[PDB]
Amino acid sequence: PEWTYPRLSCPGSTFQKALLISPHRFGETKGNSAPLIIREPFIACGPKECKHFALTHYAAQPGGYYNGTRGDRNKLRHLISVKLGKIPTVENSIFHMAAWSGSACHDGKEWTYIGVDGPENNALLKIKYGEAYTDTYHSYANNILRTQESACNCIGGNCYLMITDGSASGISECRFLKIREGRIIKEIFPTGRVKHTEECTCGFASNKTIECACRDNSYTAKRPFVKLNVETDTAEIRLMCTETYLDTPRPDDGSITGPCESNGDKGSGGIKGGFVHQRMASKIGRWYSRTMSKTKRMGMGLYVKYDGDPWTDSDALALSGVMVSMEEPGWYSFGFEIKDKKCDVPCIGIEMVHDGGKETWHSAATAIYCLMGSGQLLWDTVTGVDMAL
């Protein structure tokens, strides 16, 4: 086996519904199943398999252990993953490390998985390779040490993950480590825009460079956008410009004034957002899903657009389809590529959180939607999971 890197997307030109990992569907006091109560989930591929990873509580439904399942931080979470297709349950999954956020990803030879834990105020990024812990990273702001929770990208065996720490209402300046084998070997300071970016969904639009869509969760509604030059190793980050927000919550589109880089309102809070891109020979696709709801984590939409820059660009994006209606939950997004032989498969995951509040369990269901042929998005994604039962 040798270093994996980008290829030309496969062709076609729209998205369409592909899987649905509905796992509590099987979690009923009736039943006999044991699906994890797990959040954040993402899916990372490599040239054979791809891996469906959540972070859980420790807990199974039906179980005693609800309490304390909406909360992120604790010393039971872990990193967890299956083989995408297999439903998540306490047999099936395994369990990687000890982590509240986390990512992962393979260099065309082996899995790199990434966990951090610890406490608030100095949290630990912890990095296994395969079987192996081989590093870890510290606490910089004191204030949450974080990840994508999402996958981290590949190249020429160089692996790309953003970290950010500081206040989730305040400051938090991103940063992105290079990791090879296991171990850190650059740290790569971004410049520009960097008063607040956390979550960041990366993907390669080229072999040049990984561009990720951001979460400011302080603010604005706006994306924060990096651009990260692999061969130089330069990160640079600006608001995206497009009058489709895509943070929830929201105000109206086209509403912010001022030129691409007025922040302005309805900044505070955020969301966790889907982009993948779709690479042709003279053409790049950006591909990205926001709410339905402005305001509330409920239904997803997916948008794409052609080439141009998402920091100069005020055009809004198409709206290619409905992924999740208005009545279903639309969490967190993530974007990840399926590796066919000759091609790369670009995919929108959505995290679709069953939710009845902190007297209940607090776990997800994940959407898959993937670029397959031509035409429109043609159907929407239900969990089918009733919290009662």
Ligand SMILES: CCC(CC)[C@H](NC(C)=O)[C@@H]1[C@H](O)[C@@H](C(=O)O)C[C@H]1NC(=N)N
Contents of the next structure:
4 protein chains.
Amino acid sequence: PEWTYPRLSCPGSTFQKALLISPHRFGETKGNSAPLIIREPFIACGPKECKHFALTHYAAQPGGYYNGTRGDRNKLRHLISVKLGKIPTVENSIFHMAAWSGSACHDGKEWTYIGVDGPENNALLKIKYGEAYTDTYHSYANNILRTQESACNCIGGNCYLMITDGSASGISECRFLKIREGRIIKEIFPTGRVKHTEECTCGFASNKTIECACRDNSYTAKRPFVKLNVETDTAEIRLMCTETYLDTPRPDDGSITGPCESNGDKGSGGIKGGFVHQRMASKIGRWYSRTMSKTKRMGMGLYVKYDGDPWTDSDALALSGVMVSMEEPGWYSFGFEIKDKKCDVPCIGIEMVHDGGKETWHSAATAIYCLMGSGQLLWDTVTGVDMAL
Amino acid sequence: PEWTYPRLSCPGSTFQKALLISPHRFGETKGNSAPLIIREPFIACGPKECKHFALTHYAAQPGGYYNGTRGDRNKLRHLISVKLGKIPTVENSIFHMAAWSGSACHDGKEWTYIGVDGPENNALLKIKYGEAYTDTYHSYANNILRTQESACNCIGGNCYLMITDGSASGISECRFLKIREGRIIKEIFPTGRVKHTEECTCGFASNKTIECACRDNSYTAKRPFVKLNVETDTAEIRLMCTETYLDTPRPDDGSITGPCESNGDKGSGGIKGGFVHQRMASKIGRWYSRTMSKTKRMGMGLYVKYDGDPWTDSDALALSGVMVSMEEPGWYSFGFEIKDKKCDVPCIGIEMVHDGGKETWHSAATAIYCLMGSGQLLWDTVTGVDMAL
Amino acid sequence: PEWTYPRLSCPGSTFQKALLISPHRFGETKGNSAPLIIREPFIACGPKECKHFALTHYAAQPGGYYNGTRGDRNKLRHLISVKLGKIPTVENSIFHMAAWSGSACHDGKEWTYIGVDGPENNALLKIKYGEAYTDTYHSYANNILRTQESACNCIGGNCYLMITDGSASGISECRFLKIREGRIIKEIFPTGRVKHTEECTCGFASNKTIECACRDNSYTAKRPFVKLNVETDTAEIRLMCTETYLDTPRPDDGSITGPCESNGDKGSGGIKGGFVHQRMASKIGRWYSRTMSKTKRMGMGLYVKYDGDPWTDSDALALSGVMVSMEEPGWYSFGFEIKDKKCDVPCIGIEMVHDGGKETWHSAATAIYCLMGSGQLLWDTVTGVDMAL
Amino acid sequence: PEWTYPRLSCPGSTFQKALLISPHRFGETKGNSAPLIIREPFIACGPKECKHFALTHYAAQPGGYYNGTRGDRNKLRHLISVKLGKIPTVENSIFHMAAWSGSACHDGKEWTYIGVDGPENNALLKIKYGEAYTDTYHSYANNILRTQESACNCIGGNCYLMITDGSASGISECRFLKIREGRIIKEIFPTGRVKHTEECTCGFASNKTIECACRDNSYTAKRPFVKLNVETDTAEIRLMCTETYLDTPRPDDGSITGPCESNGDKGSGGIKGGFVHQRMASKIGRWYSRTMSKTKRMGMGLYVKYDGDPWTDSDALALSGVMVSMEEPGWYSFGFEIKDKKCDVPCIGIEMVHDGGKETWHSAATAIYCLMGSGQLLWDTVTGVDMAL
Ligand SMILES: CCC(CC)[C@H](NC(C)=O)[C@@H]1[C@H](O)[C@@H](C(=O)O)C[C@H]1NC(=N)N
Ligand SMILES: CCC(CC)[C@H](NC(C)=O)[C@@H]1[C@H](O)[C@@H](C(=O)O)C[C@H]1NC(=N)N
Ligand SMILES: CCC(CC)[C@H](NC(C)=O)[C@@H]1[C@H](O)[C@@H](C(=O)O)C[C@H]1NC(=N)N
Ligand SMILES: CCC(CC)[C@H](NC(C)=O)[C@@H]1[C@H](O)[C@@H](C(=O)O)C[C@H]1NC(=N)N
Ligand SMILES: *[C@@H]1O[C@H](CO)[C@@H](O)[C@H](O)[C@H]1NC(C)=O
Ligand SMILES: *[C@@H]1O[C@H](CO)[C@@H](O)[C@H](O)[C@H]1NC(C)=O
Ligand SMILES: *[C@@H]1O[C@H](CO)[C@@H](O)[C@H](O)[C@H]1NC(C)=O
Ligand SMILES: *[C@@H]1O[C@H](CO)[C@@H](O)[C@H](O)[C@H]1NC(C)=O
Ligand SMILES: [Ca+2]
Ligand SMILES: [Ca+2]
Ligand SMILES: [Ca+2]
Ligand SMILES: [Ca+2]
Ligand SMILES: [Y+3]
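Next up, the form solved in complex with the ligand. The previous block was the form solved without the ligand.
Now the full complex is given, and it begins with the chain already shown.
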């Protein structure tokens, strides 16, 4: 086998509903299954297989370890996976490493797995290549060293990963690691609007550029937007200019006054956002998702824009379809690409969290939408799960 | 590996009982298993593996999602599979795509998976090649776009698939899609008796011709019969002329007066029917199955006729044996072929539904009969399942 | 790959305890497993894998299908397997075909599976090669056509199988089938003491000869003994002359007066018996097993004799060790050979039935003994199962 | 494939927390899983896979066979394994052989499995290569013949294994077996301090030498230390001279007066200890672990020393980090190495026993620490398990 590279996307002009992974449809008291309790799911694909990753709390439904499953970080949390299409139960899953923050990617020869754990003030990112633990990176701002909760991206054997460190309420200046065969060979320090960047959802816009739509959890409801040049290994960050603000919470569309760079209102709090590239011969599409509600983690709409510069274009994003109605939960969302025989298929996945508060279990389903055929997006996704059962 | 083609059937002159997949033998309250709730099962084989497909309601027995499992279409419904011989439980199965109507087939190099979902008045057929979503086809009569519920058929890398759209009570004019490596490369519009055609059970009569025995759900208890020329890509449809009417409901054998084309009575309602080819050097056998009861979905008898033209032959089909007694359920039935080292083995499968009404669960066992050796068919199949447990 | 042949056995002069498969250690009300209800287990090995087969009643423990699990034949009974070392549960097992009498063997390229079902007066043997059903054999005495309940034996791609038909109380004259790539290419009619032969436990004494230790269920507690010449395809049967009578029930050792051919007393009833070959350069060992009790299916001792002719040798078999104490159940026993890199390892397996009558479940564990190292046999086997749980 | 040899360790200067296998997180009454009840876990890796071994009592939680799970040897005990990362449940595991003492190792081509069973006064070590049972070794002091409870060590196809036999309270003079493709080709009798040696944790210090840190269960809290020359096949044993005594129980560090060879106090009782090598170009690191408590099986600290001779160096071992706090259980510990593409990764594993006395179940989790990156060891491990559930 050989190193992989991004290719032209497969033909298409609309996303459709592809596949639901709702493990908790089998978690009843009256049933006989063991779906794992998770959050922060995401998908990453190699040349033959797509794997479905998540961060488990090392407990199952039904069970007696529900207390603490709404928490973010503890000493039991682990990165797990199954082959996409399999239900992530106790027996089906594989446990990769301890982690309360994760990522993964295939370089064409082998899987790289990324997981952060350790204490608040001095967390530690850990890298695993196939079966071997190979390297680490240390906390540099001593406040919850952190990573993407989605697929890293490899080209020509060089995989690029976003990390961040700092206060969830204040400054969190992100970096990028460049990783080869499980080992870190360069640190990349972005320039520009670097005040606060988290949980970048990243992909290839071409053989030369990686772009990421990220989260600012303090200052703005506009998404920070990264452009990484992989030939010179330099990165730059500015806010997205569109009036279709992609974060949650957010104010009404277009109501932030000033030029592209203004923050301005309802900027504290946030959500991880979906983002994927459609690469055509002489054109590029950018697909994004955002909650249906402006304040709450409910619903998910798909949006799209062809060409232009997301840093300077104030034009509204075209609303493509409703993937999750307002009456269903829409939490984190992410992008990934499936590898067809001669082309790549852009997809958006959506974490659909079963939230009933800290007094019962806390987990999530995963809905998948991909570019397929022509026309308009046709159907939405429900989890089907009743949390009383 | 290479493209596959239909070959000469293996030696034999009778079918026998081969294998039972009864997953609900393990769904007791007192047991510890998780068989999936399903309907519309079917089998499709490649050069090394046979896969057992079905449409699940994304629920398991025992469990608490029984409400709605008698319904036909919803947002949870999925195409799933196991390796034939494995019990399709939560953990054993793989989820391919969302769908409330399906099909699948191997072309010699890779699996093609077909699934239709979306709303009543604008459903959408979706195609997946290996792991990649690759193409779609749109509803053309805006009333439940629909497919075979059985194996498509691939020759020289070209796979052929029946679809239909229209009123289940009126006109539903079917088409055929020609699919290559996951993408549609021709639409085929049949000529002749096209008034109403559904759920074609299709196979190769030779390297030149695919034939299908289908369902008219409005007009007649004679099965519509398709002949598709795969060299010119043309298709023709006329009613089966035999006095052994294969649908359910149906009137007494031979009691429809007039020539081969007459409808005539008890034509509204219907069932998907089994049909498979036995290809010999200078002879062709056509095997078919039909319920034992004329009105009800009870029992299944196997029938056979050698040579002739099913469009013009009014001769009765030879009753070969009882596969399911009048006291066991006989719902959908289908054909498929297993690939031995140098020849193909024709088989008929039978969906045996556990029906207790809308107030409890609704699923199915699957019984398999295949051509093996000489003599007469010897034993019937029971599910063994008591629905109270 | 290539056709396999028997080779010289690996070095050793004693059997030891190898491995226990006790699936019912996990069938408590208070546990969360699904071991399959079975009887008639046996083991067969190819060049890379050993499979553990059994005849299931298509029910599990705990469950609500216990009624009928003491019965011998019904419509739900199936040949199943797992890779030796795995617990045969609902999910772990694979269902090969319907059968209430079975056998299997690998020819070096592929697995042949054998299963009989059908009605009492007209049962039917069925053959499957890999995934394909390929041939049948018909009942010839119209009274429970029947097979080995252990491994067939393949040489140079030709596999040899014992069958029988007739009254369990009267005449049952056995035959042998010669099978090649799933198809029957010769019937072999044995000569000599053919009055009554069942459930032969067969193996290679060399590239030229297969020998089998069988069961006479009517006339005698001496085991019938088959010598099949595989070059000329001829078979002969005489009673075993040893005073160490291998059947159950049996009279005291040596107490049957007359020459080698006398029946004489306590001959009605019987059991399947273990038997395997140890092939050395200029010597041959014959290993056998028999219950510890003379009347009852309790215990199992291992016995051995080097060279001679089992038809004419009245010398006592040397008692090698106790594999199952008198306080543990000892039902069917069988032989098989494991394939090490350059030599074959003889083994004896023992069905260890959990019998509590017709009012509760009925299944079995499987204990395995193999030739390994030097000295004497050291330890016995218990199932560990309490049937009340 | 080819024979494997030890290589240079991967780059790094500190261990970190890698992975937790806590199967009993899923053993609640309220849950639906079946983790196996085990003790004496260990890990061993080949060129593509790491397998997680243990000795089971052939019982699961929840279940009704808890009585006897605190015992050390019985007739049900078995060597089992899963792929490292999988939860060892009933279905996931594979049963290798009957054993109440074990070991295993890969030689580059195939897996060797070692298991001891049999009675107290005449136990028997059994060897299995891939699927075949191949050899045995007999008890030589007639008191619980015994082995490592950790990975054996293979070079150029020759695998080396420690065994012992004798009184747990008196003399137990260990030997080493040299094993090739499943068969013993040399016995090696160590010279020097041979009074009492058990459960050696062994690894390669180079292509020439194997070193083992072992357990004296009678005489001393200093660990006996073995040096095996694999070119001459000779072995020597002397006590570790360090003032950082690695056994439990043990007296205060440094308080055993006299030269390197003195016993002296609190020597009766003991524990199996972690030990692994870090092989660099011109330097060697020795990593070790020991309980946090001096008297009890609580906690586990990691210690390190570079170069010197452990037989004569009285210098204190450098304390590297706390792997398990004093409030968590710290039982057996062991070394292994994962194979990266071009270098080997040293790791320590820790058995973390759920002990609630003889009146309830007795089993263990497994925590894994590996050499990765630079800095200091950052986080500890908890099992998460409440034994009341
Ligand atoms: C405090 C920093 C947060 C990111 C802005 C926080 N991430 C971590 C690593 O703790 C996320 C946030 O608190 C939760 C959310 O917003 O859903 C998930 C949570 N993410 C994870 N538990 N992996
Ligand atoms: C309304 C059109 C019907 C076919 C004639 C209908 N098909 C769909 C796609 O809904 C079938 C029919 O109503 C049910 C049956 O007859 O068993 C099954 C049902 N089939 C499926 N649920 N796939
Ligand atoms: C009546 C003929 C018997 C052989 C002598 C009988 N075999 C069959 C196929 O029914 C066996 C016998 O009755 C039972 C036993 O002896 O344990 C098992 C039983 N064997 C199986 N159920 N496969
Ligand atoms: C009597 C000899 C002991 C070794 C010093 C004893 N070993 C055996 C093989 O029984 C160990 C010891 O008693 C128990 C322990 O210390 O944890 C485990 C126990 N080890 C195992 N059950 N494998
Ligand atoms: C990127 O590079 C490789 C050649 O190195 C090429 O085959 C591929 O088509 C390129 N990708 C795109 C999107 O053009
Ligand atoms: C169909 O075509 C191929 C050659 O292209 C041939 O090998 C095969 O035998 C043909 N099928 C039949 C049924 O004759
Ligand atoms: C049987 O035949 C093959 C050669 O055809 C040979 O390799 C093998 O050693 C022979 N078996 C015995 C037991 O001698
Ligand atoms: C040991 O031997 C092989 C060559 O036989 C070599 O490739 C390897 O590097 C050696 N190991 C060490 C630790 O130097
Ligand atoms: Ca924000
Ligand atoms: Ca009709
Ligand atoms: Ca008898
Ligand atoms: Ca000690
Ligand atoms: Y399972």
